[PDB]
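Next comes just one chain, in structure tokens: the form deposited without this ligand.
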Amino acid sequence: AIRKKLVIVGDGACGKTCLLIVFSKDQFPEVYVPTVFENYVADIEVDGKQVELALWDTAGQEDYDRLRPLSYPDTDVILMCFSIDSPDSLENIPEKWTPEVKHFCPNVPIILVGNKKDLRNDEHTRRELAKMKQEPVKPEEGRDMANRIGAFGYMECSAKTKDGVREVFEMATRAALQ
């Protein structure tokens, strides 16, 4: 088992914490969803290769520009997260997050991940975004941003339902091996 390191970046409430949690816990959180994630080391077999994958969050680090970078040393794959119910969280990907990650993590694959895809057909969300003249991020705006920033690929998941979650971490493992 070789060892690889994953870091998830993105705006507060991109759902990055929920996502690490749902993947790393073996029983889904029905009773309490934790406020925080510490770390976790997943044993993953992908395409016939066994990998130990250390997972890390940048939750709480978003306003501290000299603390945050300390999460980056020896990262092998970056998950760059945004929330499909927050188009403003998507606007920030190329301006703020991508330059940073490319500076501190040169040549490291980025996978762009649209979290919370369940909300694309939630009534309350449609209405709430209408009041501000907006709509849930569409698949193609997803793919287009990923393209523009030179992502290794683009993926969507829902941490609430677990749909897509296994596949994100499998792909990130593949990416980290390249």
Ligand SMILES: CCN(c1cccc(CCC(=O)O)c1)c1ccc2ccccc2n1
Contents of the next structure:
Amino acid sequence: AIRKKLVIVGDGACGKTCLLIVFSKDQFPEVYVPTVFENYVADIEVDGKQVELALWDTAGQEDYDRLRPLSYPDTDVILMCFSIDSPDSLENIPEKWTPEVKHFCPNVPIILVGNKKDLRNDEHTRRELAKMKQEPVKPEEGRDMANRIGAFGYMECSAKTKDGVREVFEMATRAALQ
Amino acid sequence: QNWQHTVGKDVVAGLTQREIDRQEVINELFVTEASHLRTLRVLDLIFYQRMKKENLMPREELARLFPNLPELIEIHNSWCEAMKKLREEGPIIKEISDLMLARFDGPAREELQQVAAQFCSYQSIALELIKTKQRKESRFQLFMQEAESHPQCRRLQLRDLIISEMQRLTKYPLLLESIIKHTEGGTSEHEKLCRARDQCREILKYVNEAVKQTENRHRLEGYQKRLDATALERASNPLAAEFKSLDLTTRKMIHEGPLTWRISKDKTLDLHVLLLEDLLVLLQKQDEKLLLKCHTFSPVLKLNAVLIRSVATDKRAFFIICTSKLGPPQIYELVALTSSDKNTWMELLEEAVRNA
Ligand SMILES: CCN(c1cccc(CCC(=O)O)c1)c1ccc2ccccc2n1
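To complete the pair, please output the form solved in complex with this ligand; the form deposited without this ligand was given just before.
So here's everything in the complex, that chain up top.
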């Protein structure tokens, strides 16, 4: 069996847990969104190959700078997330997550993911970000951050619609295999 | 797998969306507590008890890998059994704050943080040892494959399961925030839940700190062995010689990291640097040795005798200015890997200086 370890990192607001749930279940949870995603092995095929992808959530670890590194060893691919309705989460990519991940996972491929893409054009969202004088992240900005940080690839998704979710993980898995 | 289905099926209609949601989160808490307990019993039965019974490793090593597992299990089992008790009085759980306080407040908090901290603090080091052992000892590598093939492992490895306690603690605040969210305000219930949430954070800070100090201590012992402060057994400039017998083991580390030293205008020196409580120490990597060495410039700075300044034209660089009248008229000009790193290094340097 080919075994790879994926770890998901990013700000606490950015939907890490939920993303793992829809990948793993192939379903957005209808009536209730779980807070807890336990360490778990998912099966996935990419490019012919069968892979066992050990999934690790880090939700809840964002304030604890010496608990986080405990998830890092032997990582094969990092999913770094921000949320498209939060340019703050985007700016933490280079400011917080990238140096941490390069320090604890040298040469491990990174995929940058813009979650919540379904909100780029939700008006409640546009207006809220109006107030703090902001607006939803744009793919060009996402994409430029991705080259900025040396990411292996950039991807957007919406957990609610499942749109791009599989594709996120398929990319992460290809990066794990390179 | 979900409260509105499962239990509370005929009892659902009676309730508001808020109270449905409150029940769901409480249910998740309960179900994932039992689940967590399951994982600990897997650690016990598949790994710990077998390693012990078949002498896979010296008892001194095994105790470092599994310090207090039975105690850890009882922390969670007791709480788990109180959850069962409460579920007994009907599928709609009423007040829950006292059950939360019985685990996360007062004495119960002290007990949980001690036990969780003892279990986790040394874990990164023990797991590196296990990894070495598997590479070097065929009987051990074999045993680990067999144990990990058990279906109870759910295809995970020991290193993937043993971290479950730390991970479980990180979920409690989140599970409490979500319950609180669905609890009517103005209630004692609500206030007491907030108190529990806050104490869980404090517990995480305590475990965070134990891991930090335990790992840092081990790291500095290793550095000490590799420390060569020999060129300071002599002296050039007076202010280096007092650190000829510098002992890293007796200080606390705040931060560490690579920095490039702009020593002249076309010379640089690539450093690894330790920020301790009272000193900044500049080391040169030289194979596997850490060289404490002049250039002249001193390699140790006292944090009570320096100032820290940003550089307006280089977002990766910062200055350290020695303030002793015996100091160098030159500033240490240091370069970090990124602007972010430089922000981190400065934030921490300034803080340490304020407390020096
Ligand atoms: C509570 C549901 N949720 C969400 C929001 C913030 C954080 C999280 C997961 C917590 C984390 O893993 O950081 C999930 C999501 C998750 C995905 C979403 C996609 C599109 C629109 C809304 C979405 N909301």
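In this text, the rigid core denotes the largest set of C-alpha atoms whose superposition between the two forms falls within 1.5 Å. Only residues modelled in both forms are compared. Residue numbers count along the first chain shown, from 1.
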With both forms fit on the core, has residue 47 moved 2 Å or more by CA between these two forms? no
Inspect the rigid-core superposition and answer whether the C-alpha of residue 140 shifts by 2 angstroms or more between these two forms. no
Aligning on the rigid core, what is the distance the CA of residue 27 moves between these two forms, in angstrom? 4.4
